[PDB]
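Below, in structure tokens: the form deposited without the named molecule, a single chain.
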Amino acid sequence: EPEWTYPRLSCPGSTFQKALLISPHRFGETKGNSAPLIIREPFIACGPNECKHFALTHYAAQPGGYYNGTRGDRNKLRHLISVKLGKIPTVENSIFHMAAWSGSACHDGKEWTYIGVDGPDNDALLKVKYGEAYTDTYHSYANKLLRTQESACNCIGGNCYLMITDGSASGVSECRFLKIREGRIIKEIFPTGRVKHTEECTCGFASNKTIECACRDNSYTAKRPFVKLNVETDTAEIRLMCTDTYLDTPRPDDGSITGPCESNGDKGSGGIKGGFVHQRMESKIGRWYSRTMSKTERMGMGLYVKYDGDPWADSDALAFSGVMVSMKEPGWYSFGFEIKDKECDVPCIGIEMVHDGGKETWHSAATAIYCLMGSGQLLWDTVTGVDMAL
């Protein structure tokens, strides 16, 4: 007491449903009296007792006078913040963890590990925090743009596993994994296989033995690089997802990429972080994923699922499981996370819904949550409700 946490069997269920919308800019009107933080790249991570809603803030509020620059990704002001999930992340509700323009976090059963990358592009620095204490750092190994998941890391028996990558956004970016224990990096993991470009991995436990991630290739393909990480041997291998249902944005028509599973295909350049989460059952594994409704634009978000098989080798289309966000609403980064029920884990997907009015106004996001619950089919979609002119 407290004990290390481990992945458990998932809670019973067979469909996702609309759970919760965090839409702080519903309160950002000039007529209003609130101060929602301007953010992007939200994610959620849960421990034994609570869930935290994290994001990267531009250290500015709406309404405010610092909108200029909020459409960019990196600067000296960007910070990793969080609130307890369900609270509106305002100036006062939020806590500022560390300076960061790329982030992650995960609870190991005893304490929170927070991860923030900042610094100049060519020599950025990953900083590790354990509770209140800054405990370790890790250096840029390709001197291009060291960065991390923008979603939860994953802990088992006190060992927290984290994806990082470094390299050109439009070229080679070979990722690695760090094994972090009580805030200190105790092992590096160098993946083999199809390693050309892997970033913004969304990772979870397929079992006590294996972590899988669905990631983004920003240069070469609209198929998602798919990591299989063995946590017993601390080794990782990556291959493209073979599914005809290409999960990236942009992407070509489903199934249109000819040749073997590793064929890159058309419209590979560009990308989006994608949602992915495991439903671990006694004798099968459900893999849930999300992608935009639009093939080319960050609009809408659909849910998909496949049980079992080998994602590296199966071209089978994923089963379309419902519209979480209609194509009329923005659908940007998405991520997986799991909530800890008393005796089982509940898989969820979160969706960043960015308010984009161009660089001439503020630029921020709402966060929508869908979770496995009950049976049947997914019933309702999510709108942000935000009018950017107000």
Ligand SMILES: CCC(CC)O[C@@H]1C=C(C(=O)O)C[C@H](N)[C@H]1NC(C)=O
Contents of the next structure:
Protein chains: 4
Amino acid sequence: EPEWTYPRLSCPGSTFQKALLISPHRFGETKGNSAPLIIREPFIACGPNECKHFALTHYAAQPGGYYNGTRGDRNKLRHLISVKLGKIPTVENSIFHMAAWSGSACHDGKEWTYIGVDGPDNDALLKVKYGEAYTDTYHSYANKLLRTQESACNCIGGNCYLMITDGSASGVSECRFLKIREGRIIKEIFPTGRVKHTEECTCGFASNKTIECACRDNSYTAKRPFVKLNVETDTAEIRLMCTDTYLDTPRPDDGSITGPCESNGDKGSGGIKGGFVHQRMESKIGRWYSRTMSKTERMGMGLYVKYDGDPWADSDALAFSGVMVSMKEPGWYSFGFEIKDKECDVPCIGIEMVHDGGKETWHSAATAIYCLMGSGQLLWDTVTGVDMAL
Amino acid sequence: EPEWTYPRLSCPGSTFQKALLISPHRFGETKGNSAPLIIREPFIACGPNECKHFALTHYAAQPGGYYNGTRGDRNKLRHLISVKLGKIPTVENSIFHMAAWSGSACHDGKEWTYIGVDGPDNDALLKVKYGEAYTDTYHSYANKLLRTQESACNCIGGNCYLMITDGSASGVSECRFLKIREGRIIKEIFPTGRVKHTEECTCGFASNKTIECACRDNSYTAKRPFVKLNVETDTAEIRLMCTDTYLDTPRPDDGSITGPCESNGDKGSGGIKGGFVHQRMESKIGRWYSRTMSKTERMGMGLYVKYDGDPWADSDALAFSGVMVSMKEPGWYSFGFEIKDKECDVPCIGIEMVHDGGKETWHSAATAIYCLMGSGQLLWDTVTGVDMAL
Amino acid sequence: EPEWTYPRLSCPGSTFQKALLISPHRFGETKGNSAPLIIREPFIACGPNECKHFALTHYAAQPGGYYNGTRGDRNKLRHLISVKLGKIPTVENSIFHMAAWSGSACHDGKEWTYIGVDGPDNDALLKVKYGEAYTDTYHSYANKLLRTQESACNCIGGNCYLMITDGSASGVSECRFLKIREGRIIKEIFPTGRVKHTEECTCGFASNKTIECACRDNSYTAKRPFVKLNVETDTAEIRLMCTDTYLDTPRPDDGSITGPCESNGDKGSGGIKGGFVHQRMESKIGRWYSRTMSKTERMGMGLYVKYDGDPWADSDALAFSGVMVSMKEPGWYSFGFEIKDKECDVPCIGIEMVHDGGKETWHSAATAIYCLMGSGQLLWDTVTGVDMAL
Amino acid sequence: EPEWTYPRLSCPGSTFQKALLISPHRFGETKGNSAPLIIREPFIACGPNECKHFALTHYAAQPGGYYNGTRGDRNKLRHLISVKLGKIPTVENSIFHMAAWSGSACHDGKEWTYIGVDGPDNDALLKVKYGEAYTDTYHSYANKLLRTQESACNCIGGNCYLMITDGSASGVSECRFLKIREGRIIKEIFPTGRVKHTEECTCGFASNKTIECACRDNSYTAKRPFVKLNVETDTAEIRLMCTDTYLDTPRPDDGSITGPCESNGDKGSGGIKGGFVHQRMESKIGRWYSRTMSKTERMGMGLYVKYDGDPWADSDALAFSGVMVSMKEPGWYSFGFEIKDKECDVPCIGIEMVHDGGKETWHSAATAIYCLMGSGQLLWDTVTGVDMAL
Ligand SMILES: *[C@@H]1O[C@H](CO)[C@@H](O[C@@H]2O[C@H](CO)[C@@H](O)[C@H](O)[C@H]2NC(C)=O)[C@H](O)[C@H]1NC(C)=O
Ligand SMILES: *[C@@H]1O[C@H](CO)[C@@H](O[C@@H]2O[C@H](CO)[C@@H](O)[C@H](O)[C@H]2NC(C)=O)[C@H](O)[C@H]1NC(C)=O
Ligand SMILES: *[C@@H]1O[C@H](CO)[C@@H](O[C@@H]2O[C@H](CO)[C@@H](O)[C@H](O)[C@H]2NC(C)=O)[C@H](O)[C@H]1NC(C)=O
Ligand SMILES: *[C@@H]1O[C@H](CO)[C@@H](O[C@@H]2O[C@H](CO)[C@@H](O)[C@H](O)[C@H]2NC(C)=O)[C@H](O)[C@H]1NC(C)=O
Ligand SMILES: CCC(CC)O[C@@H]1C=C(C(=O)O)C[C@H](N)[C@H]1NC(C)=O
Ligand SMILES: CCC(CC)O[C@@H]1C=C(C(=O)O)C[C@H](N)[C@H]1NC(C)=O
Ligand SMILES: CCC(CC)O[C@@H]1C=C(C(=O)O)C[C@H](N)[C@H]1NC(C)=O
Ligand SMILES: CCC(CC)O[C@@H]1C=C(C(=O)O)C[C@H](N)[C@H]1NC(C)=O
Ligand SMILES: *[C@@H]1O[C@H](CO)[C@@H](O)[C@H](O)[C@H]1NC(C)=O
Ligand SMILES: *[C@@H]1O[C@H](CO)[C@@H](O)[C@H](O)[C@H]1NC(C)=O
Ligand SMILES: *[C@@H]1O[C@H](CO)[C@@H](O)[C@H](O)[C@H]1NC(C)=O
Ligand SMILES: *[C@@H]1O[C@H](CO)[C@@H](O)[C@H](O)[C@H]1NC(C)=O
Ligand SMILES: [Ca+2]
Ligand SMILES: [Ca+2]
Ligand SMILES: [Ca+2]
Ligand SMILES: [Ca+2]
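Can you now output the form solved in complex with the named molecule? The one shown was the form deposited without the named molecule.
All chains and molecules follow, beginning with the one already shown.
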């Protein structure tokens, strides 16, 4: 007391609804007096008492004089930052956790674990922080580019599970899982199955026995690699999601990849991190996913659901369950997380809405949140409200 | 540790006095360095330990570049925000609770309940949040425009009661009440009586048995619909206030509506949300109300009181208690709320003082507060001090 | 637990030293990005866990557009505000307690009592707040200008004692004391003796039996009225301080008021609020006082001490104990307060250092703090560092 | 509940890695909206629950109008400030602890002790604060310039140990140590041995019996004076570090100082505060140190280590562990500190990275942090990212 936390049955509900928008650049005008941080790759993770809104900053504000380089991914300035969910992530409201150009975090019931990867591309370093204390590291194993989830890690009974990967962006990237306890890496887990390229896994609990993840293959396919990780045996297997509703971007037309479930198909090169979250019921499991409305561009974001079945074997379309972001608006990375009610867990999906005007201006993002709430159908979409000219 | 709260006897006193002004736009000059949020529909709710100042933001600051649209009511950016009462609601001080263009909130003794309506006009959606967790929703039942109080909900023994309404702004809007316990709707209450238009109810406890509300009829009368809700039987009845002192704006001359108490009279179309709060004594009930100084414009705010009687039956004029805002200053929405002293409750009325310069400039509000304190007569009025040209 | 607090023996020490400067206008440049509040009449009060830095704001920031009127004393915008001692009192860091143009506050061991006077000059109103709750008021008794200390009130065993006064600035102003318990006025105390003009009393505990105050006579003398208030009998007597070291400004030459201790003497018109704090030892009492270095202008601030004797009867000079502010710098109001160490109390004097460029610019103040610490002599003076042109 | 803290065994690890950069002036552009404080002499200290980032401010922000004087050391405006480690030290985020132009701080397990020296050069004064209470002072003993560590003090079983010194910058400065318990000085410690110039000691626990410090000789040598302080007997001895790897700046070529360990050698005048921190193992002690990459300029910062031996006697070169700051970036003061994990202590070194544009512009610093974490080799360097023209 505090005790370790475990996944619980989800709170009652049958549809997602628009919850909250964090749009810091609504206050970034030259005519204004604010200092929203320039960020990308936001995610959210919650503990028993609060939710934290994380991102990777370029250590620059709007308005400001350091826009050059903010459309790049890795440099010596990027840091993992957070605010309490609902606060605007400005220079003063934010806290800087560690130097990082790839990140994750999660709460185990007693304390926060923070994860940050930095260093040179060919010998990068994963760093683990438990509360205030730097407690461990893990090294690049392919010497191409070590990296992690860009979303919440997952803790059960004090054991926090985390995807890492290393490899070429356009070739092989075989992922691993780390088992981390009170900030220290106590096991490495080497998945079996379809392992040729797995990155940016969005993971969560299907049950007390099983973690599942929906990931990105940046090289070979528009189907998402789907991880099943058994936390009783510490073993993992990966296969492609068979659904006709391909969740990557870019992607070919739904159902158009012919042959069996493992077939790679066309337009596999490139990709995007995708939302995935679980609705755990007594004898039923809802799997909720998001994908861009556009097949080729990072525009729009749609929500989908399927109950039960085996995602490795089932070609049936996921059920469309609403436009979270219309195709007129940006829809970039998406992620899952869960908010802890008094006796049950609330599944949510967050959406990174990038403000992209190219390399000659600033480059950052808003965060939209949708959560399971009540019944019926999803009723309204999200806009950032930002005019990049101001 | 902690216990559910109940209404208590009011603290001793016999007059209201000027307490506190929150005027964020005193700091919004182009020459300044601050970021007060552009808001409307402020209200206040208190729990056992603190009071919170809530409002509906347009997700824009002064100074800034997003003034266009701030004189409108509903859009995809409006959010329910709060600060601790006494803090200036700026970009950084504020917390964003949820997307909402109509709102409410209340503390039950253990935790905050937050209420926000958003969605499209014909199928809007009321959302309930308990602490950090989104917990329930309620649907549009007239498909016209679902909406709520714009003031505090009211909790007793863990059951929080909330007015909602749905229907045409210039036609029929039959309200209902929701009973919400730990974030979930456990009962609907369908009022009887004079029900054809009730909105923006300002509600409080007359006793442990009864909640009363003074509301707005936007279509048919300048008399306020007056709700009596029995919390023991979970039933409600509504009739017009019979007092000659018509509390709406616009309104005709006092007492000039002829016929029985239910007669509607002249200047019924249009309206304004009105202040109302109870002073609960051992063998006596005081009802305190506010209305604009102008009969037809949102200018000034006067305080009135009457002890005992039946508001449905008594045509007696309310006793004029003093000028809270001069007819030279804006007087828009007003609301009641109660502060928890150690052993008794302090009744207060808040006043929204809108800065209205038309649709070619920014549109926002200050919040003035008067509370029951000491004896004698009300001594001083409130100004916003804001020059909209700066 | 929390229990009521009482004055304790003072911590060991024999000289004051420079502790801390709060100079918010060091960040008020047009070239800067900050919002220090425009204030005057600062004071400090501490409880068992923290110290609060209070002041009276004009509800305006530097830089800003509302400088006009900030060299005035009373208006409908002035408010009592505070920050945690050590924080810069800006728009966002501060909290607004109540509308007030005269103020006081104190902690009783369990909760804060806040005191604010506002209203029209001829019928002003003292308002009492206990925590968040407005709990009582007190009315003007001379209908000239009700006002209070502009420094900490004093609580013992739950009873908080407060000076109020009412009367002409250039004639009679007979003060009273209020005894306030958990926010409610439970006794009025009418002093005897030399009562013709007593205002802006700076008060503290000489012992568990006695509160003493050093006050301002704005009409008749440059000697300070000295209150002795017996908290066992709730009786008070006032006589002039007899010391040759006249503490008011303006003042004639030291010792130059001829005749007995009660003689008024010359240059009595005008005045200033003066610092006074107690050093309580086992069989000895140190009385520490401050006065401007200039006899006629609000420039400089010197510290003085005398041990034992009767301030009503003793003409001996107070011992000069250091320049806190040189005559080159502003020295306006001064006040006493005590910080609570684990087992003993630390006496301190604070100094308002007003930035005065006349009525055509902004008008505000810094706060300097000196406290009893160690042995020897007071070693360094304080400057605000502010160039009013920036 | 709570207990006094003691040094514990260090957490497992064998290399340092880049942890965190605090670079406030990334947000100080004329085009921006922030107010980073102008500071120098940053350090860090941690207690059982949080780490605090301390520095000495010139009481001025960037952008602003008070740059003149910010390249000086001592004045009446300098103050010791802090934020929680990871927050940007701005006007509003920071807390001002006391007036000080030399500083230290440390947590004893129950409460913070804050140390600040101010006053005139010939009779300066060290002030001790415990929590909010000013509790003691210490006087100048050489009347030249009393000063302290500019890094964390060290507490064991409630006794906090602090280096102080006094004397000429280019002549003799014989240091002493103070033993402070709950804010009060309970013992003086007068070192023996090589005492002619010791300042800016960076100190830590070698064990429960022994504190060690690596210090600056500004007059006579580029070898660092090295303190061994026995906390059981409260006595101290000092001798020069014998290592060929001279840690001061300026310095001659490594190993080029001929003669016995106490020989002073070439380029003795001038100096810099140096990083030093212990890695305490069961049967082994690691000593980690930092020095600039340039022999003569404050450019770059390299990390070094040696296990066991006697630093007074061993001429052996320290093992070069990696580049923390490239010779293209500023490397000024460095310091050691330790973070408290649940059951072990994590050693770190911090680096002040001064933005030096000469006396015609602003002068301030970023703070970079490296900590022991994992195994392998140190992988990445730190840049401030600041363009002083913006
Ligand atoms: C997973 O296992 C945990 C731990 O056993 C379950 O949590 C327990 O649930 C039971 C039944 O509600 C309670 O009596 C215990 O107090 C819970 N302990 C906890 C949360 O620490 C949890 O229900 C399981 N999750 C599932 C089935 O999804
Ligand atoms: C409404 O009911 C509540 C609950 O019974 C009353 O609160 C109690 O008041 C009594 C007498 O003052 C106290 O001894 C109890 O401790 C209170 N109980 C709780 C749980 O708070 C309250 O007084 C009633 N209010 C009115 C207006 O009658
Ligand atoms: C004034 O009276 C208070 C209350 O009696 C005294 O505080 C007590 O002091 C004794 C002796 O140190 C302690 O044992 C008690 O625990 C104290 N109780 C408290 C503070 O609540 C205080 O010492 C007296 N002040 C004087 C003599 O200046
Ligand atoms: C220094 O001494 C402290 C105090 O004895 C040691 O802390 C104790 O360590 C033991 C064994 O790990 C624990 O069982 C105790 O609970 C600790 N006591 C306290 C009061 O903390 C510490 O281990 C010693 N450090 C070194 C480096 O030897
Ligand atoms: C090049 C590797 C990887 C997969 C393409 O690039 C990611 C793609 C990104 C993207 O597609 O938007 C942004 C990520 N921040 C980046 N990750 C890292 C660690 O740089
Ligand atoms: C249009 C319905 C209703 C009655 C006219 O409008 C309200 C009136 C308002 C008003 O009269 O000032 C402002 C309210 N924000 C608005 N409410 C909503 C939900 O839009
Ligand atoms: C006119 C009454 C009183 C005594 C002169 O004036 C005070 C003097 C002041 C002064 O001498 O600086 C400032 C005080 N804020 C003012 N008090 C009030 C309540 O207005
Ligand atoms: C003048 C004495 C001392 C040694 C040269 O100067 C220090 C050197 C400094 C330096 O070498 O950068 C900066 C320090 N802030 C300063 N300390 C004080 C107390 O002024
Ligand atoms: C930044 O742009 C400058 C020109 O403005 C160019 O020299 C440099 O290569 C750019 N660097 C990065 C990392 O984009
Ligand atoms: C404000 O927005 C409306 C609706 O889009 C548009 O018609 C109008 O031109 C805008 N006003 C200005 C000043 O741009
Ligand atoms: C403020 O100054 C204006 C002119 O700038 C003048 O009309 C007015 O009287 C002033 N008011 C006060 C209260 O000083
Ligand atoms: C800075 O201050 C010094 C000392 O007062 C003065 O000599 C110099 O002229 C000042 N510099 C500028 C640019 O004003
Ligand atoms: Ca792909
Ligand atoms: Ca009407
Ligand atoms: Ca006088
Ligand atoms: Ca040297």
